[PDB]
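> As a plain string of letters, each chain reads:
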Amino acid sequence: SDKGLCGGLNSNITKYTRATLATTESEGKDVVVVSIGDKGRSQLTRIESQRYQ
Amino acid sequence: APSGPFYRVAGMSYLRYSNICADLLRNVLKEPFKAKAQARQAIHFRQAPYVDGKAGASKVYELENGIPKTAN
Amino acid sequence: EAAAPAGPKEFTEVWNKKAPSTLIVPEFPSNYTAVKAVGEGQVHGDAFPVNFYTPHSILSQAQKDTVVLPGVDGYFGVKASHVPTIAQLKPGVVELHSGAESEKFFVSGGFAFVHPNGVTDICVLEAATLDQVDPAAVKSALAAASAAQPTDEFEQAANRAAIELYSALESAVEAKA
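Protein chains in written order, with the authors' numbering: chain S, 107 to 159; chain Q, 3 to 74; chain R, 23 to 199.
Hints should not be assumed to be uniformly reliable.
DSS-like cross-link-like pairs, simulated, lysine-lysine; straight-line CA separation at most 25 angstroms [unchecked claim]: (1) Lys32/Q with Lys126/R; (2) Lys112/R with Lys32/Q; (3) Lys121/S with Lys126/R; (4) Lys161/R with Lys36/Q; (5) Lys161/R with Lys126/R; (6) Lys39/R with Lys36/Q; (7) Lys112/R with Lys198/R; (8) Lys198/R with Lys121/S; (9) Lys161/R with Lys135/S.
Because the hints were derived from the structure by calculation, they are not lab data.
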């Protein structure tokens with residue numbers, strides 16, 4: 107989401123996108139991370155700082 | 003360089019081609035219906051490349067009449 | 023050739039090797055469709071399921087015995103046990119017929135899938151119904167389009183796309199009963 111008064115939504119898939127980006131790469135792949143919404147960039151550079159583009 | 007249809011050999015994607023044909027079809031409806039299809043024509047968002055984890059430039063989209071027909 | 027059998031249930035076990043268990047396994051868009059493509063049936067003689075779709079609206083999920091789709095080779099017609107066909111469509115008219123009555127939409131261009139189980143999937147962006155088109159702007163719009171002969175390839179791809187949608191709309195607005 108853009109606004110951040112949602113209550114366990116924008117960090118819930120951040121728990122899931124870190125659970126998927128720990129599932130796919132076990133073989134040395136490239137990953138580019140994109141977030142839609144202001145609450146996505148503000149919680150993806152917390153976990154994934156280099157592959158966020 | 004490329005191989006494909008006439009939009010693909012000019013540097014235009016399928017989504018840019020097929021929205022253009024949806025752009026020009028919305029204009030030639032009745033004004034009872036054109037003003038309704040005017041609502042889904044507007045594109046408003048902003049993208050920003052993020053090179054370092056911290057910063058980058060940003061590029062705002064404000065087009066109300068449809069997708070950019072120009073070469074991007 | 024088939025050295026990695028992926029799938030929705032196969033994403034369950036590998037994600038149950040590397041993720042915390044307090045998150046359940048996430049759902050997939052495969053789980054929310056009840057009609058697949060390879061499985062036998064759902065033609066039953068005369069009428070197959072059609073699905074005319076736009077991004078903004080669903081225009082038919084009913085059953086027809088025939089669909090006429092405007093392919094890039096020309097207007098073909100999908101009967102009941104038609105061949106599987108991934109057909110690109112040019113700007114033209116989709117005719118959905120279930121009998122004597124006819125619902126005929128002029129579409130902007132977008133694919134149509136006939137599947138190995140007889141189900142047709144029309145997928146366009148803009149669907150202009152033929153009674154709501156402006157017949158006064160079909161001819162005014164092609165005039166500036168036929169004269170704009172520019173120097174860039176992008177608008178040359180955009181002008182060629184411009185008249186071909188309009189020209190098939192003149193021929194779709196004149197001879198209607």
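> Please go over all the hints and tell whether each is borne out by the structure.
Each hint tested on the structure:
1. A threshold of 25 angstroms between alpha carbons decides the hint, and for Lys32/Q with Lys126/R the separation of about 17 angstroms falls inside it, so the pair holds.
2. About 22 angstroms separates the Cα atoms of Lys112/R and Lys32/Q, which keeps this hinted pair within 25 angstroms; it holds.
3. The straight-line distance between the Cα atoms of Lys121/S and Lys126/R is roughly 47 angstroms, outside the 25 angstroms bound, and the hint therefore fails.
4. For the given pair, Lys161/R sits about 17 angstroms from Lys36/Q by alpha-carbon distance, which is consistent with the 25 angstroms threshold.
5. Between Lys161/R and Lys126/R the alpha-carbon distance is near 21 angstroms, which keeps this suggested pair within the 25 angstroms criterion.
6. Taking the CA atoms of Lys39/R and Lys36/Q, the gap is about 53 angstroms. The hint is violated against a cut of 25 angstroms.
7. Our distance criterion of 25 angstroms between C-alpha atoms is met by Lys112/R and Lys198/R, whose separation comes to about 20 angstroms.
8. A C-alpha spacing of about 56 angstroms is found between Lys198/R and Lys121/S, which places the hinted pair above 25 angstroms, so the restraint is violated.
9. With a CA separation close to 53 angstroms, the supplied pair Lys161/R and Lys135/S exceeds the 25 angstroms bound.
Hints 3, 6, 8, 9 from the list above are not met by this structure, while the remaining hints are.
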